[PDB]
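Coming up is one lone chain in structure tokens, specifically the form solved without the ligand.
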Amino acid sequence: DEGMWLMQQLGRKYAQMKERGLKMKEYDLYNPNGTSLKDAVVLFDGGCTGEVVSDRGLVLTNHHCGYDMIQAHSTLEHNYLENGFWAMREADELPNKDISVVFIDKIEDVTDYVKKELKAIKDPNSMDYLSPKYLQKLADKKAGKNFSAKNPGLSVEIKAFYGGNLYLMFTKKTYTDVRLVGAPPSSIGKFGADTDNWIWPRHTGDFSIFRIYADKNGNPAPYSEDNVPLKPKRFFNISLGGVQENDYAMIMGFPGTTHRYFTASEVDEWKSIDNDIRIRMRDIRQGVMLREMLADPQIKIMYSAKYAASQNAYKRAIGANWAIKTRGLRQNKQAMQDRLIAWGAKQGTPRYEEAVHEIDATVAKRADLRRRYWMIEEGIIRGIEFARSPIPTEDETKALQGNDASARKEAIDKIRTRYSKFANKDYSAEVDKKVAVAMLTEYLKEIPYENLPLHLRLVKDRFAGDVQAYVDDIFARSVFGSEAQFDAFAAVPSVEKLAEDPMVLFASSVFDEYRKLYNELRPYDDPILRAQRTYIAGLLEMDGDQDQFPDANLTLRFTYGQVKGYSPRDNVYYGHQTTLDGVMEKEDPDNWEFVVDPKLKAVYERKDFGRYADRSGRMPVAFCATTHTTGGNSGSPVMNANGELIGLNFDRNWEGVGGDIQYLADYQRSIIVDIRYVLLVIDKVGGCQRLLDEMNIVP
């Protein structure tokens, strides 16, 4: 069901949840004045969610959340990323360079306080109401001087909600000694890594295991050999009960952003500029990269990761535009604003209508600037690697005309450093030139001559429209065209060379027009932000916060629904639950994506599933729910009707991407790894029996 609900909204929502099959007492889920399941939830490493699953501070999150730390402890001798990692005692658990988990100790509604401070600001157009500086000073004030010093490990933050109509103060408890305890092999942790990304059905055991270490008193402490595991206020019990179709599921985690209060004009702008330009341009870039990856096995190695990375937001935009096209997103925003305009006329205030009008007019006015911005960002800044070639810094240009000879050698040393980072092991000028020709051709078609970055004018003025010739010249003549050409430059460096270098001119020309469009576009954000405060204020006053959740802003939220499959298209039905048999069907030992660990293979053939199989003796892998999630919900605990852990959220299907603007009851699903599979892989792949023994595993 719809919504990423504030903890303080539990009471307003309990009735709907109780009806969807929730059985816990309210204050056992969230209690502002006592221990609750909320205290088992962490923000893991500043982005992901995790959860505490033992009285000895064991933490579950996704494999993709623990990836960097599993890789940091990976050498070619002991490759943990490949084979997994299973510390057989506490002492073998590996500490991590720059890690955190953050508990949400306390949450207070500080609206009346913040609105009261706000009246001491003269300028009625002040953007301080959404400013991290000002909200943080309002937090320090309300907490005390030397609060971080008085209560060590604790910190405070105020955040805006509902476009500045509601403020919450968070007291955060931060632990910094978080050790790697367990990881499955990446074959399991990343099964179908790229193919099955945003895909249901899904067969990935996307989980890793860490432990929170603290001082003797369980107070936060940086890494010390003398740190001992944290005894936490609360951990999740693990259910073996399983799930069945229409079972109550609920989630707690840290969803990043939503756009629930977009006007119709904003959905049109999202479609017609942001999404259509990203689709057009990444299609061209992806087409040229693919062709060259197929042609040469070395280019494939060099360009595989850059290809995958472009693909990520490419698929998201396709998913997004599909929803605009088919799920009536534009219509439903138009309806919401028309209901409020109508209610506003009768209430005798035009403020709401004046607010929607301000947004519409602002969107219409910025359309050219924004089209140009996206064209240059998708087309050139992301499109063409040689846009990110070295610009001699103001200091560097100076120190080449410098009397002092020590300071020219040092300027050329860090221009060499920056050239080496640009023309790395994975850079091909031949590939970049072909991408650049195709991307620039499309760019020159859409952007008229008078709006071009100054250097791109030369295609028309010097090269008679020949994009190929323009690009060939950039590499022929530039000190960054080849190692040899840079080596010739570095031995006899004049600034008169750099100043006129066609690649430095292209790169600086392009970042100039990028910056300039950013600067002319910035002023248009404020009037929308301010009208949005009024718009949401009206929406709340009209209908209440009951069926109108606050956009996600990287804050702790709960979502609820049922375990339920869906129909993606005519005569096709995806069920609520994948099984290990899905693993075997997709196996292909000659595709890294779909390698099956032999230890799991055997577990399958033996039917060695202990208390973890579904009562038909099938082995669950993943399940999906009508819960409302977005990025930030990676690693989020999935609870049954009694608050027992049944799974671990790890993705969302592509048909639900537009759920960030409008919840999609019959398409959008959270993709969840079954806790029974997690237990299976720990037991039968890792042999890490002490982890089962420290958990409170319930029937």
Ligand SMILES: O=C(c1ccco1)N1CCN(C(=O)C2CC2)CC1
Given for the second form:
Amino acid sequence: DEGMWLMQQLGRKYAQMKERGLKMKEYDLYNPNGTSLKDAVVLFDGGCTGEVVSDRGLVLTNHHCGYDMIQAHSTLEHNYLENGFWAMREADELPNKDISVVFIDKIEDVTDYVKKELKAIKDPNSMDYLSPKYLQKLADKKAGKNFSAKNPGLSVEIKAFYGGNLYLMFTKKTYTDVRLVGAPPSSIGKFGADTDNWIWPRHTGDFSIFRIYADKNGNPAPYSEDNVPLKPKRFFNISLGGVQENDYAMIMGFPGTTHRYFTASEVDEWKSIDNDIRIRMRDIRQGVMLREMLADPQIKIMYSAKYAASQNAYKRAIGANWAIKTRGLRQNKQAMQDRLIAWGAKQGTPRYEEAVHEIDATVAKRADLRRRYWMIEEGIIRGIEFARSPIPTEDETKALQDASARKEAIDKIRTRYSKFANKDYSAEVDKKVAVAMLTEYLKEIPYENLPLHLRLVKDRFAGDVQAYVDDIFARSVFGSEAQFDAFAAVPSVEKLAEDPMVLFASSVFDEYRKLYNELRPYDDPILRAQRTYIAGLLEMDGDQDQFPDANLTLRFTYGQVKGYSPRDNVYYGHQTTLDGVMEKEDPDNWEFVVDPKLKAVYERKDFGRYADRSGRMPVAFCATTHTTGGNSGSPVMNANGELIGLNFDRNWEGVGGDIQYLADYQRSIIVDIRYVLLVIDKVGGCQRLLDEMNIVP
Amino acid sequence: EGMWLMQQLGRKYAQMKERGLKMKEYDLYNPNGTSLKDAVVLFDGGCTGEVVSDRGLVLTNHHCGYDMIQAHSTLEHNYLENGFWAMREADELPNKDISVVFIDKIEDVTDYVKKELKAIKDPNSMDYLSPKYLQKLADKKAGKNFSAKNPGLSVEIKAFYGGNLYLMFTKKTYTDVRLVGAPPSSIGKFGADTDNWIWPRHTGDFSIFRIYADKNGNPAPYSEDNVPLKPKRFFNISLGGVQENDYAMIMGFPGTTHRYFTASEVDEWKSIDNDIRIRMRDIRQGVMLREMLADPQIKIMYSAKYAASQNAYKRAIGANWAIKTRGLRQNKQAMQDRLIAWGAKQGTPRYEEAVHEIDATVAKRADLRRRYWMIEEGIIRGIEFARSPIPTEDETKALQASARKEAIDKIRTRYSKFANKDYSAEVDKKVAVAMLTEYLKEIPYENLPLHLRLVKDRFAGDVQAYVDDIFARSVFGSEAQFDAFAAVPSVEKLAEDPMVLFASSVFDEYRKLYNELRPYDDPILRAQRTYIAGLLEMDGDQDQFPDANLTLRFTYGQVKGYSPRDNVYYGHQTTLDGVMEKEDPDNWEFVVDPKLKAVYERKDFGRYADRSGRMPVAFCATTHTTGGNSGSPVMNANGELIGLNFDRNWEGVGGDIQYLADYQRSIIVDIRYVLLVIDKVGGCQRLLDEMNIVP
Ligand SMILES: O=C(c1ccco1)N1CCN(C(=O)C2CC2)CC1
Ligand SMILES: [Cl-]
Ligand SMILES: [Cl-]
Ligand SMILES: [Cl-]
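Okay, that was the form solved without the ligand. Show me the form solved in complex with the ligand next.
Now the full complex is given, and it begins with the chain already shown.
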């Protein structure tokens, strides 16, 4: 609903934005033929958003976006992840390998051009209209001969929108010398840690600071000690006026994916297959894992990251299923398609109804296969660690069956075994997880649909899953270090070909690939029918109140700074304060430890000009803007386009917002810029960063 | 902020009127006439109730009438799960061992008691707080045969303000109190233990009884000839509901408070009582929950034991949160420093000397009190085999006449009650191993119960081996082991039994500690009499309420929510929509009654829904309540019944020491929801018809 709009759509939305509180001129925010605020927004490291906040190329993004760079520069002597990092001079800023920042220099509507090129149809069922390779050939044809060589730093890209009904060409300027400037300690940058992931109220100071470097003329250049900070076209002014309830707020960023045009049958499938299987399987896996971590402190160390990684999409699936159950997502998709079908019946065009029918029939036909795919992927591929145990390659098997190439094959198999059975791997914990996961899997998937090796549970082990799992480890070459070393001393192809763990791993990966290959053909009829479906929706209600699905391209969203009621008699306001950080402090819980410098700032009330009118220190706020994954680090703007915060998360109640925006529950979780400036100032002491920013009263 | 004596209504009336009270002072409480006070009862010795009709109908909580509902429940008529609704007066069920107490008269007898006390002689005498001594004074004042001349009536004198004020109560007790109605446990106990001490709350915590009496309305024990009581006063039911900031008041019987604790007593309560209970119960509950989650049969056997341990565990967590965040220690220190400065100015050092006596007594008993709480939480309540059978002196002087079979039958009966259908020796061994490991780390060898010295002396510090040996060799370790003993019993076998020796040794230490600690109570009590006398002489009795002591009190405040933490607000009222949001059919605690779910779907709310069409369930207020206030009537500015108190939020449990204006709330079931359940769930129209319902 309240969407993720193309920059092209700013003109037709401007009057509504102005009535909602926007004060800046249209072309100061986005001008297709000149400098605008859009020029200060970047795609940070391929998956996050960032923003230029100074005339010397300073960039703000999330702490979780700059996390890998902070970690790569951290050592036992200088742990920047734990204590933070504050370069006191430009020369002290740390270079980063494999980093990039992408500016969206120009955006052009190329729909007529692409649709004319597509008319050279050899097959009406061709998927070239969505092919990155085909669209790149069209982009290169339009840009010119050797565009990259004639315009160093620039690149051209064409993307499909609205299921293939609109095409845009993007001219991108990429910088790869992006240096680490500053970061708060992890105690501030990831205060809630995994406990507060997807949670509002939130008290996390999720920010990090970088700087774009370039050659003498401000042109992209790879890392060089001769590189100078970039003087940009445009940068954000920082506001210290703060936020109040109902204030207009807007974001620009790169939301990755949405499913706003799902049919009601696709919502049912997402719930009953994707989400229910992920929920059921991850709850079993996490339950066994948590019992083991709580019983042994060494298991807690080894499995904490694996447990946290499994919980993230588990919580998302719980939040999404809550929306399907309580917010009528299925019903609203059904009403959307019924309205198009009725309109098509009056227009004399049955193609829209035929398109929705094709989608329903394809969804109904692939149900059993998709259920088997999610069951094996969640239950075994992700669920059981020994599923990713070493499988000897065709060349490794050939090598072991007269040359020194045998010792090469054994060293390659050993390297993979050592990575599988690493310092974090527990065979005992894995056997307990596998016994619970396989018991559920064997209950859901019938004998004739099982991966060949799992048929042994009934055929050889009399249905005893524990005995089958015990036998895999007792007899396998990868069951223990001593078992691998005995194999490595006297290796034979015959031993590997009959190895119970190799056979299990090969069997489950064979079934996983067979299911993927059987399911792949069903994607194309749905994609082709969605092109007709979305064309009808656009022709009927206009490209005015229905936004194109997110596809990792630059979008804007607007709303207001506003809290919400999660449940009966409970209200979550629009703003958190430093008090909330102090209430959550737990020194014996690594997630909720409070930085001593920050604790003293709170006690002394050394808030300077960053505190609100009442003298309280703001930390974070939430807004009715429509965001998703990819929007992490996005600039949050005032009615005047000044920076008031950075988006860093969204509440679990609004995760169903990827299918249907939830006005009364969905919120973007934003770190207040006043808190960002307080941490740089009072925790980092990095005055030079404050001085180079343009701070407005 | 307080729990005021009825005598203090005159002094508080002007403030109550400015806060919204509309009723006349003597219509609420009249010392020599009929008033609203005459419709409040002490229900079954520990709860509050209220008369709501001219035929003696009484409302109280579902958890207050729980034992009576359970005693009348069978597999054929399970009233606990299905509810109970007597469709005629003759169908109302009698209850053995039940009582309702009316407070007929209250008199200040301070001068009388203090004059009688002047003839003591021993200055340290504790007769000024003795129930026996005060009863002798009560009998002397009322008359020799008072209860014979005034049937159903009895007198009682209680001390207040640490012995600085005395009141005589004339009580009328009725023991024929019949069960009339109750919602199913799914409504009466909706949150079950998960929502205990929790606001927002969606529990319809109510049950209905009726007072029966003889032909003249006089108390009489159960008789089929008994007729319903026509009371002199009953509450009118209001259907006008509540709004945020509305004046609310309660009358009831709060049991205990510690409003005059010194700062050293707050430190002791935190560092000994609460920290030990928290640490020990967390270990016990952790092992118990692991076992209940791994075996569904263990979950059935240990659910009630787990829930019983959690209740005071949660209270202790809430109390320690207040000590840590609300400055309870600091405010007590400021209170005593202000009295000490005032005493220094007046030239009276007795108040400073009294605070010093309390501090020195608290400091002197620290190690003993730590050892007491450690054994009580760690072993007496922590380990089930601590309450295993200990052969009596009569039983040992019988095994070594042929009444050896009678001794074995008595020991067998006790063994069968210890190792019952809910007892798991394996679960108990795991709990004991974790509890004793912590206990042995905290209590040094020279302070251990004699049998626990064997962990170091005989078992090389292996707690698991010591516990395994107790069960392997004990006659109470298994059924087969008991039966082998019962066939060939000898006193020598019992005298050397590892479980008997453990149980005897831990109970000996527990009693020795209790006996060593008991003498420290008296100097503190005597010093508190002087301390509270000074506080009252300095600042007066009109802000400083007397500690709760299971006597009738009133409290007033407003219907108001609160902010539990940064950016979170809990409103003043919950709705039926909140019950539906919490529904979980595969969680026995959050199952929703089908008749109630249907009422919500069809919106069959009648005259009970609010102005917006939403059905209220519960509300909260800034009244000051504690244990004993369960079932208390909640009144309007006009004295009409708007709800029943049934709980208080965990954030306000520190309110027994210091009232917490911004956090402490009484959790009340809305009377509109009570009527909705009687009407649409129970179908008991006759109960609605006999109540006086005001528009
Ligand atoms: O360090 C290793 C290891 C294995 C292979 C290379 O390093 N491990 C894994 C297994 N571990 C355990 O299971 C701990 C007893 C709990 C922790 C030690
Ligand atoms: Cl058509
Ligand atoms: Cl909504
Ligand atoms: Cl009466």
